[PDB]
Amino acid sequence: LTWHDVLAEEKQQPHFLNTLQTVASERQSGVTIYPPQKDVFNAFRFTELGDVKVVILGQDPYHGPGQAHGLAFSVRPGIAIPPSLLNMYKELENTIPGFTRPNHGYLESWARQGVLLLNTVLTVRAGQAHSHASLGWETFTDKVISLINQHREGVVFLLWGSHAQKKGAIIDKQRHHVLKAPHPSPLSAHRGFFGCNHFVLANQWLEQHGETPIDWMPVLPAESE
């Protein structure tokens, strides 16, 4: 099954389509909306349903120029690493053998290994956090999570912060593996995100079940001649 197979009906629901209408309207009314329309669903593009190994929820897309490009916690090449991702990198550096601080915040290569980097809200107005949170995106991502729970087996979910924890509170904790911790934002990272060890634990679960671990060191697309 592909994402479109399992979400085709969901994407004909008014809460979904009216959301996209709203976004398209605001973009033409002098409001900058992030990410660009072609990037809104990049988490799905880069991590097909059958390839999901680890789900990491974000909440809102980043709301500044150059930041959001459709993957939770990631930013485009050449853009500063946002504080939440810096704290993820610090936990990685303290736990994954050989990890060192990347010089970029671009996480496509996680997605390409099976890490679904899913914000629960998929658009935002420039400079205004949570400004699209009361559209239909949470309903849409509730359905995404429900479908992974039902259609996949042995997925590791990393639920960071209360919002994410609530979002994933009904995941099957026997067929899947649910790990919780405070959010890596500077407001909460020292309240238990540091020390959560989720990246190693996720890889050990995956290993235990015959899946390859995630290489958490993210890499930029290369140059050609």
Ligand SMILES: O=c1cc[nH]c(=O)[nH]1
Second form
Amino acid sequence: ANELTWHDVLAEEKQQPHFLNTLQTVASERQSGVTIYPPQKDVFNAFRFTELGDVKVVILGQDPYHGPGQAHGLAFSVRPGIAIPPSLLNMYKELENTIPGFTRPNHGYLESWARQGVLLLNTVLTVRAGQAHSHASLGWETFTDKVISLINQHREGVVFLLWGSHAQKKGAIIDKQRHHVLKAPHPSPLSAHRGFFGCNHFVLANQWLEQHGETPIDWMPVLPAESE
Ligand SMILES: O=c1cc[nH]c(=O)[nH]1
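Could the form solved in complex with uracil (URA) be given as well, to go with the form deposited without uracil (URA)?
And the full complex, kicking off with our chain again.
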């Protein structure tokens, strides 16, 4: 497939009602004082780090971290000066019981992940504060719905790490004769203990990449950049 940038593919979408009437729901409450995660400039951050073309894997969570300084737009990632929260911890656990000689990192910044076709995504792009979901009745599920579709429509043989019931629907529109699709109960300490922990998404994905010529994913995160 030709080189189609999200700019290309999102367009119309951007320029659409349902969506617009979701930014509005958004802009608004942030405006009523109410603290919302993540700041607006971070909202689509994902699409920023990993472009549709370079899309190799898709991790689909659904509503960001409702903590202060947590959420930065990368489905499950945090910036460097932040402490790995339950969810990532658990990820890591899996990145322990399954990968070779993997030792969690001492950070929760998954930029590297992203830079390697990993579509660290969520269904609900924004959220109240310390209040789960609390924002799942707007055009959020509708946006992401298309996002997948677009992905689907395009780029062949993609593994969809679909974590949680919610994430599991809004991704179960994918033609499997053409894409790979896995199911794991949310990593979150509220659900992890139901199968997440046991799933093999990581390897099981690095396999799919293997057998189609695709370079596996370095699940070992890194905090680069240094100079005088
Ligand atoms: O990106 C994130 C952060 C918290 N919980 C999720 O499901 N995704």
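Between two forms, the rigid core is defined as the largest C-alpha subset superposing within 1.5 Å. Only residues modelled in both forms are compared. Numbering follows the first chain given and starts at 1.
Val23 shows a C-alpha shift of 2 Å or greater between these two forms [criterion: core-superposed Cα displacement of 2 Å].
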